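Q: What follows is the residue order along each chain.
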Amino acid sequence: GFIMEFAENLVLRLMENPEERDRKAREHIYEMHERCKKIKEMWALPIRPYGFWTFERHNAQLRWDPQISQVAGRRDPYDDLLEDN
Amino acid sequence: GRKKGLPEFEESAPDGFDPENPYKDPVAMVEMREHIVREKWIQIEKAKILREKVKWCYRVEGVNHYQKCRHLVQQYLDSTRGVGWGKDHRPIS
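These protein sequence lines are chains i and p, in that order. Numbers 2 to 86, taken from the entry's author numbering, label the letters of the first sequence in order. Numbers 2 to 94, taken from the entry's author numbering, label the letters of the second sequence in order.
A hint or two may mislead.
Below, simulated DSS-like cross-link-like pairs (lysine-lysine); rule was C-alpha separation at most 30 Å, straight line [as the list claims (entries may be wrong)]: (1) p:25 to i:38; (2) i:25 to p:49; (3) p:25 to i:39; (4) i:25 to p:56; (5) p:25 to p:47; (6) p:5 to p:25; (7) i:41 to p:5; (8) p:25 to p:41; (9) i:25 to p:41; (10) p:4 to i:25; (11) p:69 to p:56; (12) p:69 to p:49; (13) p:47 to p:4; (14) p:5 to p:41; (15) i:25 to i:39.
Since the hints were made in silico from the structure, they are not lab data.
Turn these sequences into a full structure, and let the hints guide you.
A: Dropping the structure here:
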């Protein structure tokens, strides 16, 4: 053929779907705003959590001392006296 | 892909938009803005069409142009009263 009859549909192939572009734009806005709200919530967390000491890793002694309160140097004076019988 | 033609757009006004709280819904903001600008351009082109009509009037009208085109003059001016983004007269659409 001639030049323009091919350059026309060439440019038309080069250009994209606008419906896809609009859908992607509204989508991206939706999830970006949702993620923005999520990050805003995340930044509100205090440095020290409400539980803190309640956490099992932050006790480390309520389940260690009971198995140590029997060794010498930690016993209540009234433990060795009546342990004989 | 392309429709290789005029860019068809939805004439229907977008839903979920409230004038009292526009900023509440962000996803509906951009299409309402696009619709408003498109309608403004429709008004602009209507004014341009009236200007073209009076353009072609003045040549055929001759000396006594006032007599038989006065009706179209008011039609063109009322369109120019609510024009787009112009002088201090801002239309309330």
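Q: Does residue 49 of chain p sit within 30 Å of residue 69 of chain p, going by the straight-line distance between their CA atoms?
A: 20 Å, holds
Q: Mind checking the alpha carbons of residue 69 of chain p and residue 56 of chain p for me, to see if they're no more than 30 Å apart?
A: 14 Å, holds
Q: With the threshold set at 30 Å, check whether the alpha-carbon distance from residue 25 of chain i to residue 39 of chain i stays at or below it.
A: At roughly 21 Å apart (the allowed maximum being 30 Å), residue 39 of chain i and residue 25 of chain i satisfy the hint.
Q: Keeping to a limit of 30 Å between CA atoms, is the pair of residue 4 of chain p and residue 25 of chain i held or broken?
A: 18 Å, holds
Q: Checking one constraint from the list: CA of residue 25 of chain i to CA of residue 41 of chain p, max 30 Å. Satisfied?
A: 26 Å, holds
Q: Tell me if the straight-line CA distance from residue 5 of chain p to residue 25 of chain p falls inside 30 Å.
A: 37 Å, violated
Q: Checking one constraint from the list: CA of residue 47 of chain p to CA of residue 4 of chain p, max 30 Å. Satisfied?
A: Holds, at roughly 26 Å.
Q: Run the distance test for residue 5 of chain p versus residue 41 of chain p: straight-line Cα separation, threshold 30 Å.
A: 25 Å, holds
Q: Holds or violated: residue 25 of chain p and residue 39 of chain i, Cα atoms, limit 30 Å.
A: 17 Å, holds
Q: Between residue 41 of chain i and residue 5 of chain p, does the CA-CA distance stay at or below 30 Å?
A: 44 Å, violated
Q: Has the given pair, residue 25 of chain p with residue 38 of chain i, been kept, meaning a C-alpha gap of at most 30 Å?
A: 13 Å, holds
Q: Tell me if the straight-line CA distance from residue 25 of chain i to residue 49 of chain p falls inside 30 Å.
A: Measuring from Cα to Cα gives roughly 35 Å; hence the hint is violated.
Checked against the numbered hints listed earlier, the structure breaks hints 2, 4, 5, 6, 7; every other hint is satisfied.
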